[PDB]
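Novice: Could you build all of it, start to finish, from the sequences and the hints given here?
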Amino acid sequence: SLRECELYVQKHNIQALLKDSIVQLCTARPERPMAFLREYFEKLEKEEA
Amino acid sequence: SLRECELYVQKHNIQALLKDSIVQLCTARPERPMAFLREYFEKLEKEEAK
Amino acid sequence: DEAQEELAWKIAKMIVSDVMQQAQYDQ
Ligand SMILES: [Zn+2]
Ligand SMILES: [Zn+2]
Ligand SMILES: [Zn+2]
Ligand SMILES: [Zn+2]
Ligand SMILES: [Zn+2]
Numbered sequence: 012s013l014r015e016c017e018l019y020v021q022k023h024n025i026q027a028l029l030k031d032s033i034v035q036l037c038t039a040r041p042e043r044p045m046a047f048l049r050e051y052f053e054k055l056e057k058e059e060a
Numbered sequence: 012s013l014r015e016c017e018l019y020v021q022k023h024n025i026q027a028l029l030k031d032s033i034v035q036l037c038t039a040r041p042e043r044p045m046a047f048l049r050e051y052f053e054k055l056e057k058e059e060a061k
Numbered sequence: 628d629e630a631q632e633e634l635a636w637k638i639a640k641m642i643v644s645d646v647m648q649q650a651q652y653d654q
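Protein chains in written order, with PDB author numbering: chain B, 12 to 60; chain A, 12 to 61; chain C, 628 to 654.
It is worth saying that the hints were derived from the structure and are not from the lab.
Treat the hints loosely; a few may be bogus.
Said to hold, decoys possible - Calculated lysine-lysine pairs in the DSS-like style (CA-CA distance at most 25 Å, straight line): (1) A:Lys57 / B:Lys54; (2) A:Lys54 / B:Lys30; (3) B:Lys30 / B:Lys57; (4) B:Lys22 / B:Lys57; (5) A:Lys57 / B:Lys57; (6) A:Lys57 / B:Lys30; (7) A:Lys22 / A:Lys57; (8) B:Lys54 / B:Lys30; (9) A:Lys54 / B:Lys54; (10) C:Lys640 / A:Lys54; (11) B:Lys22 / C:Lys640; (12) B:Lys30 / A:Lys22; (13) C:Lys640 / A:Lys22; (14) C:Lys637 / B:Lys30; (15) A:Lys22 / A:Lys61; (16) B:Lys54 / B:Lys22; (17) A:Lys54 / A:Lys22; (18) A:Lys22 / B:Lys57; (19) B:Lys30 / C:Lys640; (20) C:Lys637 / B:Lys22; (21) C:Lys637 / A:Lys22.
Claimed, not checked - Stretch-level coverage of chain B by chain C, calculated; a stretch enters the list once three of its residues show a Cβ under 8 Å from a Cβ in chain C: (22) 15 to 24; (23) 29 to 41.
What the hints assert, rightly or not - So the derived label-pair ranges between C-beta atoms look like this: (24) C:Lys637 / A:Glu42: 22 to 28 Å; (25) C:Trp636 / A:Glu58: 32 to 38 Å; (26) C:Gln648 / A:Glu58: 28 to 34 Å; (27) A:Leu13 / B:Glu15: 31 to 37 Å; (28) B:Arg14 / A:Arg14: 35 to 41 Å.
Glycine residues also receive a C-beta, built at the ideal position from the N, C-alpha and C atoms.
Specialist: In structure tokens:
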């Protein structure tokens, strides 16, 4: 449902998480945004597990 | 700068990129959203490569 | 489904706002 999505987004701090990645994205301004975000989350992933 | 960031967001449809990533996130609601975002962008990087 | 996408847009525009704000605080 929609409510489960809103809830998930809040519970898992999704908004700040995404925002932080875009702020980095805006500093780098890469020619390859996808590759950058991939590398960005790969780094955060490695400290997730 | 702040204007360079605004420009970049517009020119590279970053807002729509976020929208799509959130749509995915809410469909999956992964145990581990970072791992999921990694794979999601990895997949999109591969599209934009070949 | 359209409910979802509508919500994703709202949230994405929220993030874009907070991003612009944080980008004024830094430079
Ligand atoms: Zn359900
Ligand atoms: Zn570009
Ligand atoms: Zn190049
Ligand atoms: Zn400059
Ligand atoms: Zn550009």
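Novice: Which numbered conditions among the earlier hints are violated in the structure presented, ordered from lowest to highest?
Specialist: 18 and 25
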